[PDB]
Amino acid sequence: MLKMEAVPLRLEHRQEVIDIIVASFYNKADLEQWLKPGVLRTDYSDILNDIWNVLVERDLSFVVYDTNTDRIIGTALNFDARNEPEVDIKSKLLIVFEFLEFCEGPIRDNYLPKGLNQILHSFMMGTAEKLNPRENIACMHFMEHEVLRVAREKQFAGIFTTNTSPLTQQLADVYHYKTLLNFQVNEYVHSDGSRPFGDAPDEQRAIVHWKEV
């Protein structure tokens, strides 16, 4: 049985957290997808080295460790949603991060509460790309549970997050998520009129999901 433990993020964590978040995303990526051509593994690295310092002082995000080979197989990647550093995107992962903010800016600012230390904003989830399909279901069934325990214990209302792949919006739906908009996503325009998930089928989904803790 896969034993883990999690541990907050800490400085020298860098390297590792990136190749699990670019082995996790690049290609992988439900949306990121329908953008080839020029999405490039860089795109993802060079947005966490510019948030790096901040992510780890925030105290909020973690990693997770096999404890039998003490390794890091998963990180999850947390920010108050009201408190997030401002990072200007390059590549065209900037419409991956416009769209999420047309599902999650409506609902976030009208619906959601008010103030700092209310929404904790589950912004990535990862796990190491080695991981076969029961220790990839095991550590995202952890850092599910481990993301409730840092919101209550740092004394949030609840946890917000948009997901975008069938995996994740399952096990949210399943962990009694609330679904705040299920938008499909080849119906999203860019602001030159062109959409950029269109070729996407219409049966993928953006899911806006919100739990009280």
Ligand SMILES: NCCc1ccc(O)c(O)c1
Given for the second form:
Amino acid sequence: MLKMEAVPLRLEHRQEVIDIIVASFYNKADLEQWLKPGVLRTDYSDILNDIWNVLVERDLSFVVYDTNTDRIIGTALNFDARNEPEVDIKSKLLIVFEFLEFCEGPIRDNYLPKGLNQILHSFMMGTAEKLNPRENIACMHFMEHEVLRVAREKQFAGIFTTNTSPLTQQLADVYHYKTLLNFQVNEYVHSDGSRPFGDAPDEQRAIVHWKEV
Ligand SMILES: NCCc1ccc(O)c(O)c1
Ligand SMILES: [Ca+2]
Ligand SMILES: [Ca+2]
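Moving from the form solved without the named molecule to the form deposited with the named molecule bound:
Expanding to the full complex; the earlier chain stays at the top.
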């Protein structure tokens, strides 16, 4: 059995968190696959290095240790949705973040509560690369359960994120997240007029989830 514990994000965790995020988003993210070629591993580490200081001092993120091996197997990066640092991304990841604002924007500022310390935005979540299906699912259940803990403890109103993989979308529904948008990713039109995820099947969705604490 996998026994885990949650530990607040520290400055030393920079390389371990990045390697978990890179070994979980690169070539596995359901959105960036349709933007090939032109998505590199450093495109995620560049964004992480840009906000690593802000991410640690906000005191909302954590890593997950395997207490048996005392090593990091997962991490959950979170921000105040009304206090997120804005990055100037220069790769094709800007298209992804503009699309996530397409989904999150109109809902966050017109339906979710106003003011700070209200919306805890689940920014990123990852697990170690060589985890088996049992440990990866167990780690996702642990990170989901612990994100709720951080929300209630920090006196937030709810948790809010956009789920782009079928596993996170099913975990969210199973965890009683309310669905506020089930957008079809191949219908999104970029500013240049094209559809960057246009080659995606109609079954691939971008679901905007929200859950009160
Ligand atoms: N906030 C939604 C989670 C997310 C963030 C960045 C991405 O590149 C991605 O595919 C998914
Ligand atoms: Ca998260
Ligand atoms: Ca808020």
